[PDB]
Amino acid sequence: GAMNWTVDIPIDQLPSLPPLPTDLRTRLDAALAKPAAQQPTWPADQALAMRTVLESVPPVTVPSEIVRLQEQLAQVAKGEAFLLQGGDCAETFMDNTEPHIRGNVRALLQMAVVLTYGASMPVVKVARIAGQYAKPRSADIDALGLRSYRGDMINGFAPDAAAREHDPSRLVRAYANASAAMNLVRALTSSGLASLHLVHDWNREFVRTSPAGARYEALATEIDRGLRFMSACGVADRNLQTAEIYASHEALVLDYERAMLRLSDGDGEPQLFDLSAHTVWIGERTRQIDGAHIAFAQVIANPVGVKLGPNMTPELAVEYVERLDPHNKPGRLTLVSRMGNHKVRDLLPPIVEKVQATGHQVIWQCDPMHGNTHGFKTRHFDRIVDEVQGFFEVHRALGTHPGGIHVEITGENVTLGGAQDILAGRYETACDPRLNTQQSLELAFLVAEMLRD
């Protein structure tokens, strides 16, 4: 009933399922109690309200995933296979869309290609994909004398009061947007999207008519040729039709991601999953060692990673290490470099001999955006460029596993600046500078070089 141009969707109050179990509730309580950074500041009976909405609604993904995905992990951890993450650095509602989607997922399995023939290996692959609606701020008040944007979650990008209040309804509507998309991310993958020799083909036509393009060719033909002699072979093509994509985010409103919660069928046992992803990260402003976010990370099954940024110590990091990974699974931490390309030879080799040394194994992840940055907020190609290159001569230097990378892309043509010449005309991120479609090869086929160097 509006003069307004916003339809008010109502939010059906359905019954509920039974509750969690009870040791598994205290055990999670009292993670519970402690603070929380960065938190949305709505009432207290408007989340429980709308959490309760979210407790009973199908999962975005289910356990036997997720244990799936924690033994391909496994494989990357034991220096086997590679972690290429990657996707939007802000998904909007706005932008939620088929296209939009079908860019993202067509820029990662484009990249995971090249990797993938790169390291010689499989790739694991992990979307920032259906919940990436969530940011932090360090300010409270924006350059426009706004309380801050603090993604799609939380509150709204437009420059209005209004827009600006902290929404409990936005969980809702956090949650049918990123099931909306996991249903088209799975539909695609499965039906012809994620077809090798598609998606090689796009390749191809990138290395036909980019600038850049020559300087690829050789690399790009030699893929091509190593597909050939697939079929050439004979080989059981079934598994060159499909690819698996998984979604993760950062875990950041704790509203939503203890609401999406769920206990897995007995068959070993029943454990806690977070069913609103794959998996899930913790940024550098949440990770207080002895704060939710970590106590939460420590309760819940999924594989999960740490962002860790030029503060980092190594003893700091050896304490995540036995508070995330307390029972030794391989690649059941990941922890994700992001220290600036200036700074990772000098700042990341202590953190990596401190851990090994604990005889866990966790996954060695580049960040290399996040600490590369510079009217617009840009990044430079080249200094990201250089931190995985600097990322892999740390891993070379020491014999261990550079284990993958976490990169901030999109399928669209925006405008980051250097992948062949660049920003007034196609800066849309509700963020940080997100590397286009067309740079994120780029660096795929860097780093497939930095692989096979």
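For the two forms, the rigid core is made up of the largest set of C-alpha atoms that agree within 1.5 Å on superposition. Positions refer to the first chain, counted from 1. First, how it differs from the form deposited in another entry.
The one residue among 313, 241, 288, 97 whose Cα position changes by 2 Å or more between the two forms, with the core held fixed by superposition, is 241. In a rigid-core overlay of the protein, residue 11 has its C-alpha displaced by at least 2 Å between the two forms.
Once the rigid core is overlaid between the two forms, residue 20 counts among the residues whose Cα shifts by 2 Å or more.
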Contents of the next structure:
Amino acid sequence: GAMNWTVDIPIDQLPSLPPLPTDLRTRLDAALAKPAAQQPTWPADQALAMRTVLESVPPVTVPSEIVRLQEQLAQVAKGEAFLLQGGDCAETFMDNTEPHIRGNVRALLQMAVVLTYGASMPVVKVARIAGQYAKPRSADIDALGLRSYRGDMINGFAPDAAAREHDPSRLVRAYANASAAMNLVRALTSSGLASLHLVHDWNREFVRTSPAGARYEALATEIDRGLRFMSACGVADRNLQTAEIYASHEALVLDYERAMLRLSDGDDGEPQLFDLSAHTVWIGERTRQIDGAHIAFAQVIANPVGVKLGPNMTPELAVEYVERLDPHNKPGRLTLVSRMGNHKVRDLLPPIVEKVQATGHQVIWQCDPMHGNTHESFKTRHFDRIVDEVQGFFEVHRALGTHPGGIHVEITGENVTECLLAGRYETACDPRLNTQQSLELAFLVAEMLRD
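Could you please show the structure of the form deposited in another entry, as a counterpart to the form deposited in one PDB entry just displayed?
Shown next is a single chain and nothing more.
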């Protein structure tokens, strides 16, 4: 109650949920019985109580949006669209506010106009938002001797032991934060925030008040003339696609993902399991065990999925991911997310690309220039290394004649640090690019797209 600073929710006399088709039950249980890395260590009975609450809430997303996303991603996979994915490294309940969310929505719309122009093709916009509340860790004890912070879905950022304990009630606070943020992203994307003219006036402000501004002025002016041309031709906002921003996060906490599963109706074909906590999810580098629960869970859901591929990836293993995760040969169903470091991508990526291409499957190739790039000191990342990874990624694909399909970026609408610091280091986890650096990267990637 208010006196205890808690919301009390009775679980009993809640039930009556329709059973899954027998095969889906069997497969889902088989998937979840496999070993699972990076899971919270909280009690099974408390976890179950939280899942029962979540099994009956309104979903974050609906199946029809997910099949629409799959159709748009199929275009990307065929070389006819580009994927922009970006947002907070880790969302926090603390920053889950209208200014912060609007900041991320705007930054992503800004980047998308620039990339659409540079690419001369549609850009699919996927935010890391409305559920990016869990993060894997190498070590279970951090530099201070505390149990590691694993994101607000699991424990608290505060540096004391009680705050670090794994708290299954965070599954429910994660959901409430997620749907509040998704609700606002839907409102914002059908407001005037999404009109291209407005979005690009922001980019022109960036060009004035920026040290590298002169570098980007020509392209910003070219884009502005392209937009004014559109209107001169009689194209008004009403004659356009309303902005669609999709929600994604790493599918890490299987207690959360399984509780957000819903069965589709009879208007696809056969009923299918959709993870309705997001439109698309990805499986990270530490949870991608080929026979682990995460890959297997991914095989059971209908959502598009991604898999992060680090420097230790082989062509053979990459092909096994494709055959397990895209077994019906559905373009767009699978994204392979390269995160290799700028010093390694030119050498390690081509043989992987060649092998997968040879299978006849059409994956999206997406560059994650964040997580292969890092250095000692504050966790931080050089902008030039990030740019250079995306650059080498484009070189790999140009040489093979394959599609450089997208980028996956960690960013904020906030004027933060990390780009070389103590001034406003604000992240709950990894170094982002601030507003400015994100935008600068879009411009630079637009140039690689024109080339």
